[PDB]
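Before any questions on binding or motion, here is one chain by itself as structure tokens, the form solved without 1H-indazole (LZ1).
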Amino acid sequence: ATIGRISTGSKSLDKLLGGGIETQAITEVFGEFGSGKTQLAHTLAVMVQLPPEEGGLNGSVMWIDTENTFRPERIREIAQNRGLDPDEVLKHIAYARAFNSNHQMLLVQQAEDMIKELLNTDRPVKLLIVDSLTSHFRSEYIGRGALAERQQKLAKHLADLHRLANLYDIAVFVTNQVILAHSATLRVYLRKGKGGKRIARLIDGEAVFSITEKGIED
């Protein structure tokens, strides 16, 4: 399958990414608390539902939330301000709270059932969000010996996510609050800038965007 691209809502960030976030890939955004990772996730969950000529993939969304940070009314606001029906956009997001890292891992395996269900509908899953990828792993695997154990479990979790992305032509988008190794396909460092702006840099130019009533935009 040919890769698809999802606009982030920001022309600047889209250019940095080579056209938007890619299916058949895991894109990790990382940065400090308040850098805008979850706002970008909310915006992508709307943008993917647009038709392709508007930067979407006519796609549905699966969202795994580890911090109780998903806000349905933020989805509805972004959708309405981009000309989409807020309730239809919200309905196309399958939402699950992960209680711990082991539940988070099961939820990714569980997501395959709905992905298969929707694969040949007119709105297949095209975006899978894990927000936060790492928070439960950081809280649970701590102290001497935890580095190797945590990295091995995360590697398995990321392998599961890579398989879904690659097998079903899905963009996986994950957040990480920040020498450790990482296996996302692309890592984007996000930080606050002047004038309320957020600045994005690819890790291993910079894009600048604002958080607005449309989610994010230049």
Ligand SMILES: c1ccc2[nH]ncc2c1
Second form
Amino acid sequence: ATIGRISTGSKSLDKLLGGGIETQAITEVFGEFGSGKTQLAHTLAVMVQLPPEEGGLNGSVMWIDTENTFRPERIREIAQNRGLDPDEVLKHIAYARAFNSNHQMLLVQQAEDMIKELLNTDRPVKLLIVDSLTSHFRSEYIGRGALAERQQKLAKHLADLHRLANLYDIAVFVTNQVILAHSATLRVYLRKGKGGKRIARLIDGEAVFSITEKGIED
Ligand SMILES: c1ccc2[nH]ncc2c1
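Can you swap the form solved without 1H-indazole (LZ1) for the form deposited with 1H-indazole (LZ1) bound?
Now the complete complex, all chains and molecules, led by this one.
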């Protein structure tokens, strides 16, 4: 199947990405606390629901939250300010809190059931968010011997996410608060800049955007 692209809300960031975030791929954003990773996730969860000529995929969303940072009212605000019904947009986000890394891994396997259910509806799942991908792994696997064990478990988790992305034509979007190896398709470094701006760079030009009542924008 042909790749789809989801606008981030920022023309600058969209250009950096080659046209938006891709289905059949895992895009990882990483950066320090406060760099805007979760705001970008909230914005994408709205943008994907737009029709294709407006930068979306007529898609639904699955969101796995490891830090209790999902904010339904932020979704509703972004949606309303972009002309979408806030309650319809929120209804199309399936939401789950992951309690630990083993639960997080099960939830990805569990997500396949809803993906299959919605696959031939008018709003199939097109975006799967894991925010944060790494927080539970970092807290649980620590000390001598943990590097190999943590990386091996993360590799399996990412393999599961790659399979869902590739098999069901979904964009997987993951966040990472930051010499270790990484298995995401594309890695985007986010940081704070001057004037409240955020700056994004591809890892392995730079886009600049603001966090606004519309989520993110130029
Ligand atoms: C991941 C994210 C959201 C979800 N809702 N139901 C199952 C599930 C898995």
